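Here's the letter readout for the chains.
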Amino acid sequence: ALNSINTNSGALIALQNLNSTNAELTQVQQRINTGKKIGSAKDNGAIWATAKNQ
Amino acid sequence: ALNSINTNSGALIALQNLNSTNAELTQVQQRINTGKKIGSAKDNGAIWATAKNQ
Amino acid sequence: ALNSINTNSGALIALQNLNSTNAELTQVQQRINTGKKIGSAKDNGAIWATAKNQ
Amino acid sequence: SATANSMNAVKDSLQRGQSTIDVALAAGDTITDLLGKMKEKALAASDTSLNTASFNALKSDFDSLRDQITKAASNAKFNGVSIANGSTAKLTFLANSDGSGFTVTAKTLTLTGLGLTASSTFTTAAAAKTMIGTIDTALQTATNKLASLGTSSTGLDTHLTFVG
Amino acid sequence: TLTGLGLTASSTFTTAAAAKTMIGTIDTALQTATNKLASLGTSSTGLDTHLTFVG
Amino acid sequence: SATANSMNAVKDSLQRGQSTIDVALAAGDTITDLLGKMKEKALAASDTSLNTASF
Amino acid sequence: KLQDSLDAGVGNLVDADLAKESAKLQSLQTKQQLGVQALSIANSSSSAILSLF
Amino acid sequence: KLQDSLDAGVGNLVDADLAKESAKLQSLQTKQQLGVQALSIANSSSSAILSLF
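Chains as they are written, first to last, in UniProt numbering: chain D, 2 to 55; chain E, 2 to 55; chain Z, 2 to 55; chain P, 56 to 219; chain F, 165 to 219; chain Y, 56 to 110; chain R, 220 to 272; chain A, 220 to 272.
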């Protein structure tokens, strides 16, 4: 509600946004560490299989 | 969890990529040092045995 | 690509150009050494066989 | 409120699925490196200019890499389940409180799932010339299986965010 | 060991014909020795790969 | 934003096209050197003063 | 030459552009600290109720 | 002449091409510094949780 103490919707939305931030940061950290934008099958399965065979 | 303090899986992935870089660096050093892409039986056993007999 | 650490295409092109230069240097050294532009069958097989019979 | 609480078990199931797929992808990287080395061995062996000793050496290396492939395939399990060793047709992970499940179709990586047999080899240079194409087909199907597993993992991740 | 190469500890050549045979004996010994060492190196590389996987 | 992202696949297409033309150009250098050698061979062969074996 | 062109093609497929990722890195670190501040301001919201009584 | 050719053949089989190794060395060293950088950024992650309390 507006002045509830059981529930805190704004903290929920802020938490979801912070989680998206940390996910973006983890992806960029992996991209700097390995030096590859597709470092695994997860990144893009089609391009990854192509590059592996080549 | 995602905001855990006990566990830091991103540090785990980063350490694994770091260890891979260290391994590549070590083998490039061994090649610069010996001058041989097959310097030992651990590099390519068949070609190494062939070269020894020849 | 452009700023990739894994791959250095310009070094590959420079290495190819340098290797071609070394090949030309080798064939000039052989001409200075033996005094013949057809010192072997590899240089020109037809003229080499003709000169051998003559 | 009871529904919102059961969402926790849903999230735990999706995370278990991503963990199993991670172990399968690690085994897949091992198998793909071994398959590339096996293709190089068969390629060198196809040459008829080799003498008998070099041919036997290349043959023994090919066989040893074969055994390592089957070992890496069998060793890829996460807490007694596996999506790559071919022990089950499928695995189904939860997607809602009502029990409807995200489905993951298993992709075998064992030698039989690659089309190789546990005792495949070449005894003659012509057999090696056939083995080049055999290993190439095996590498192709292996990479396609691993790519499908990677897409399944990314889909489990996106559904995890939506469940949250 | 010498028995693992097909040599024996007592082996020698007492005359030129025996040396002519010993050429082939030593060549077979070197061949089987290098093949054994190559198989050892392959198994070592396999141990390294499985160690990375277990990590 | 979706357009801005699809531009990546566009870039990959153009890069694949450049790599294809590069392999073609390398084989073309080989073919041109072979063609020049064959022209010299035909040129020397046209001479009537050559004997049988040289021809 | 063919081996070199194939390796360059794999590099075109997978390799990242590190300069762009460096700019994104610094931006994301700033956005992370801003997110932590906003989350703290959100968590403190219920304190206002206490003073009404 | 046969002895020379056999030595050249062993060199063809097992000799490294150092000019390639140079560029791979410098690139791997840059990758190493970047990997240590990324691992430190990874270690620092948990500290933000203190701010919320």
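Treat the hints with care, since some could be wrong.
As the list claims (entries may be wrong) - Pairs of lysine-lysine, PhoX-like flavour, derived with a Cα cap of 20 Å:
(1) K184/F - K43/E
(2) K43/Z - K66/Y
(3) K37/E - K239/A
(4) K92/P - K66/P
(5) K43/Z - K92/Y
(6) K184/F - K37/E
(7) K53/Z - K37/Z
(8) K114/P - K200/F
(9) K114/P - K94/P
(10) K220/A - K220/R
Calculated directly from the structure, the hints in this document are not laboratory data.
>> Between the alpha carbons of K43/Z and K92/Y, is the straight-line distance 20 Å or under?
In response: holds (13 Å)
> Within 20 Å, alpha carbon to alpha carbon, are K114/P and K94/P?
Replying inline: holds (12 Å)
> Are the Cα atoms of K92/P and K66/P separated by 20 Å or less?
Replying inline: violated (40 Å)
> Does the alpha-carbon distance linking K184/F and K37/E stay inside the 20 Å limit?
Replying inline: violated (35 Å)
>> Just to be careful, I want the Cα atoms of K53/Z and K37/Z compared with a cutoff of 20 Å; is the pair within it?
In response: Within the cut-off at roughly 13 Å; holds.
> Given the hint that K184/F pairs with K43/E, does the C-alpha gap stay at or below 20 Å?
Replying inline: This hinted pair is violated, its Cα atoms lying about 34 Å apart.
>> So if I understand the rule, the pair passes when the alpha-carbon distance is 20 Å or less; does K43/Z with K66/Y pass?
In response: violated (45 Å)
>> So if I understand the rule, the pair passes when the alpha-carbon distance is 20 Å or less; does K114/P with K200/F pass?
In response: Holds, because 14 Å separates the two Cα atoms, which is no more than 20 Å.
>> Please verify whether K37/E and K239/A have alpha carbons no more than 20 Å apart.
In response: holds (13 Å)
> If you draw a straight line from the CA of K220/A to the CA of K220/R, is it 20 Å or shorter?
Replying inline: Status violated; Cα separation ~31 Å.
Against the hints set out earlier in the document, violations occur for numbers 1, 2, 4, 6, 10.
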